[PDB]
Every structure is written in C-alpha cells, then in structure tokens.
Amino acid sequence: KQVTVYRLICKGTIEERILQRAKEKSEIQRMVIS
Amino acid sequence: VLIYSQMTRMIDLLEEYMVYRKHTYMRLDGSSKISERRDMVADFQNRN
Amino acid sequence: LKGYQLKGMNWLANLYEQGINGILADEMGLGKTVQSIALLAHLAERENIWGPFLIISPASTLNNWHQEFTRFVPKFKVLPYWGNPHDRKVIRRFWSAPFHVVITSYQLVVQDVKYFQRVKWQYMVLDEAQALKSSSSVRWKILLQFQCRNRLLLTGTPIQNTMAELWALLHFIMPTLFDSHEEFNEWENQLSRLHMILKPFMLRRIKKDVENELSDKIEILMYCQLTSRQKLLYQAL
Amino acid sequence: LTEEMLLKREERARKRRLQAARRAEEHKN
Ligand SMILES: Nc1ncnc2c1ncn2[C@@H]1O[C@H](COP(=O)(O)OP(=O)(O)O)[C@@H](O)[C@H]1O
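Residue numbers (the deposited numbering), protein chains in the order written: chain A, 1217 to 1250; chain B, 1120 to 1167; chain C, 518 to 613, 622 to 712, 729 to 778; chain D, 208 to 236.
These are calculated hints, taken from the structure and not from any lab test.
The reader is advised that the hints may include incorrect statements.
Below 27 angstroms or equal to it, Euclidean Cα-Cα: the simulated DSS-like pairs (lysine-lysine) are [as the list claims (entries may be wrong)]:
hint : chain 1 : residue 1 : chain 2 : residue 2
1    : C       : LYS758    : A       : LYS1239
2    : C       : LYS606    : D       : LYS215
3    : C       : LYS592    : D       : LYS222
4    : A       : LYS1241   : C       : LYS758
5    : C       : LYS748    : A       : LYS1239
6    : C       : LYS749    : A       : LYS1217
7    : C       : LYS749    : C       : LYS524
8    : A       : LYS1227   : C       : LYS758
9    : C       : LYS748    : A       : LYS1217
Some but not every residue of chain D turned toward chain C, in silico, with C-beta under 8 angstroms [as the list claims (entries may be wrong)]:
hint : residue
10   : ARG223
11   : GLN226
12   : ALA227
13   : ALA228
14   : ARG230
Ideal Cβ positions, reconstructed from N, Cα and C, are used throughout, including at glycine.
For reference, chain A alone in the conformation it holds in the complex:
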C-alpha cells in the first residue's frame, strides 16, 4: 500500500529548533555509514 507521514509544527515558536537539530543530525547520520 501507500504510506503517508505528517509532521505538525508551529510557525516561529520553538519546534523549529527541534526540526533544525533533527535535520542537522540526519545527514551526518548518513555519511558515517553510507
């Protein structure tokens, strides 16, 4: 089947920092394996 995935995040509050640190980690987490 399909799979869809959603994030709900507020404009400009604080949750953006969480998303930024997650994004920063996510690419480092690739290159150290493949």
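Position chains B, C and D with the ligand relative to chain A; hints supplied.
Leaving out everything else, chains B, C and D with the ligand in the frame of chain A:
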C-alpha cells in the same frame, strides 16, 4: 492511522478528543501492562 | 527465506565459526528477528539445541518473539520471563537443557543478575541493542559480565549519535581491539577509517535496494499557526 | 522404603510441569 505523541499529558488530551468526535481509538503508553500490549496490537491487526 | 536473509545466514555462519561478534544493522521491515531465528531453523548441527539461548529486549517486543519462534521453528521450546515475582520464581524451577530459549526484558535482566549468572548461556541476542548505547549505563556495565560464545546485536538505525556511544557499542561487541575514546578521536579522513573498522562486522541493506515492491514514504511537513490563547501565554513566557 | 519419596517427587515433577504448561500459556494474551 497511527498517532505518535511525546507527552503522556498530551495523550490524555488526544483521548478526550477521540471520545468527543466518536472515531474509535486505542492507546499504549509506557504505563500500559505488558499483557495489555499483546491484546491491543492483536486487535489493531485482524479488524477493520 | 529471502536472498539477502540467506546471504545474512552465510555471513553469520562465517562469524560463528570465526568466533566473531557483530551488528546485523538491516533497515527495519526486512526480518531481523527472522534472520536470528534462522540460526536455529536450518541448524542441523544440534549444538544450538541442548544449551539455552537468551533473548534480551525492550518491553513491548517480548510478544512478537514468542509468535515468531512458534511459527518459524516448532522444533524449539521457549520460556517467558516477565510479570509477577511468583511467575518468575516458578519459571526458575523449570531451568534449575529442554528450556532451549528464554525471552527477557532489559529491566529484568539488570535486576535478576544473580539468577542469570547461575547458568552458562550459549548465546545472547540483544534485540534492539541501541538500548545499550551509553557506557555510563548500569545496563551496559552489567550486561558486559555474562559469559557466552557470541553476543548478537539486531539493531537497525544503529550508532548515529556521538563517538562515546560508538566506543560503548563496539567495546560491548568486542572486549579486545578497543581501549579508550582516544582511538576514536583519530578514527573522508575520519569516515574512511570508521568504514574500514566496521566492514568485517556490520551488515547493511538500505530500503531502496530490497523493498522494491513497497511505496516510498510520502512525507509532509505541515505548518500551523498558533491561536490567540497560545500567543498570550507564549508572549508571557 | 524409597518408593514413597520417589513417587512423591514424581508427583511434584508433574505438578511443576503442569504449572510450566499454565504459566507458559499465560504468555498467549
Ligand atoms: N521470510 C519471511 N517470511 C515471512 N514474514 C517475513 C519474512 N521476512 C520478514 N517477514 C515479516 O516482516 C516483519 C519482520 O519484522 P522483524 O523481524 O522485526 O524485522 P525488522 O527488524 O527488519 O523490522 C514481520 O512482520 C515478519 O512477519
């Protein structure tokens, strides 16, 4: 659908919502007993 | 069994003869339990039968293992080990070795150590071993002391944090080869060193090579605007 | 003489294995 959330305090608010708009729902906090998890997973498979 | 699983079995069998521990770091949804169970399913050698296995795992997962052993390998017999102290005490009588395998939770193995020290387990399957990632943890300190042929880690999306956790996981896998975090300050200058160190023990798959029949995840980020009541409180903070 | 303690311990063995059967099947659900 699966809904994931990061505060038990919030999963309580979500449960109040799932009861109000009558969707049917089932919840598995870390506070659930190990035996409950078995039934609750086996009921999310095997049913529409 | 699927082709990549069978190649996994031949690889694990090589490591088994060589006496080598490692990480079966396949991406989640490819059958990492099924691969570990195949160390018994095709196991005509009998060595793996008449001495007990441990499966050690995080709490919600204790169920699936029972169903997976009973569906794939009815040749075996399996012991629960969770719940009431009474049931634990009772089950300790049955393994006082037709008790071929025992299913266990990290939170119990870090307490009932005295009982687990009583028997020479053949192998430990530490399921979802990303649980062990910090060497400061009692879990890590204690789980180092159990004696067995192999320690087998089935954790997908492994490592991936900071080099202290790399040392902790790798030194859990091998008691030799690693002495301190200083080696891992000298180990593409960094990346290539780590790759070559991991390659003899650290399988991979990546979903797009094998999950060819699955849809890709459509991933949405949805921005939301907070309400008047939220503005008032957020501002007051 | 010895048969009493032997058949007692045999009865304890089937008692144990009945509890093993029951408390193993408590894992079903
Ligand atoms: N060869 C196979 N035959 C049947 N089911 C399989 C097979 N390989 C994988 N699966 C299924 O895929 C899932 C594997 O889960 P698990 O063993 O935890 O793998 P992973 O850790 O990659 O998610 C289960 O639903 C299992 O039934």
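Checked hints:
1. Our distance criterion of 27 angstroms between C-alpha atoms is met by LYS758(C) and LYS1239(A), whose separation comes to about 17 angstroms.
2. Distance check on the hinted pair: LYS606(C) and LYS215(D) sit about 21 angstroms apart at the alpha-carbon level, within 27 angstroms; holds.
3. Our distance criterion of 27 angstroms between C-alpha atoms is met by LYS592(C) and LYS222(D), whose separation comes to about 25 angstroms.
4. Distance restraint check for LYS1241(A) and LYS758(C): the Cα-Cα separation of roughly 20 angstroms lies within the 27 angstroms cut-off, and the hinted pair is therefore satisfied.
5. Taken as a hint, the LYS748(C) and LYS1239(A) pair is honoured in the structure, with Cα atoms around 20 angstroms apart against an allowance of 27 angstroms.
6. Note on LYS749(C) and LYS1217(A): the hinted pairing holds, with a Cα-Cα distance of about 16 angstroms set against a maximum of 27 angstroms.
7. Among the hinted pairs, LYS749(C) with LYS524(C) is consistent with the structure: their alpha-carbon atoms are about 18 angstroms apart, no more than 27 angstroms.
8. Of the pairs offered as hints, the one joining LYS1227(A) and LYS758(C) holds, with about 24 angstroms between alpha carbons and a cut-off of 27 angstroms not exceeded.
9. The hinted pair formed by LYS748(C) and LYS1217(A) meets the criterion: a straight-line CA distance of about 16 angstroms does not exceed 27 angstroms.
10. Below 8 angstroms, beta-carbon pairs count as interface contacts, and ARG223(D) has one with chain C at about 6 angstroms; its hint therefore holds.
11. Because the closest C-beta pair between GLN226(D) and chain C is about 6 angstroms apart, less than 8 angstroms, the hint holds.
12. For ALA227(D), the suggested interface contact is upheld, since its CB lies about 5 angstroms from the closest CB of chain C, less than 8 angstroms.
13. For the restraint placing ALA228(D) at the interface with chain C, the shortest Cβ-Cβ distance is roughly 10 angstroms, beyond the 8 angstroms limit, so the hint is violated.
14. Nearest Cβ of chain C to the Cβ of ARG230(D): about 5 angstroms, under the 8 angstroms cut. The hint holds.
Taken one by one, the earlier hints fail for this structure only at number 13.
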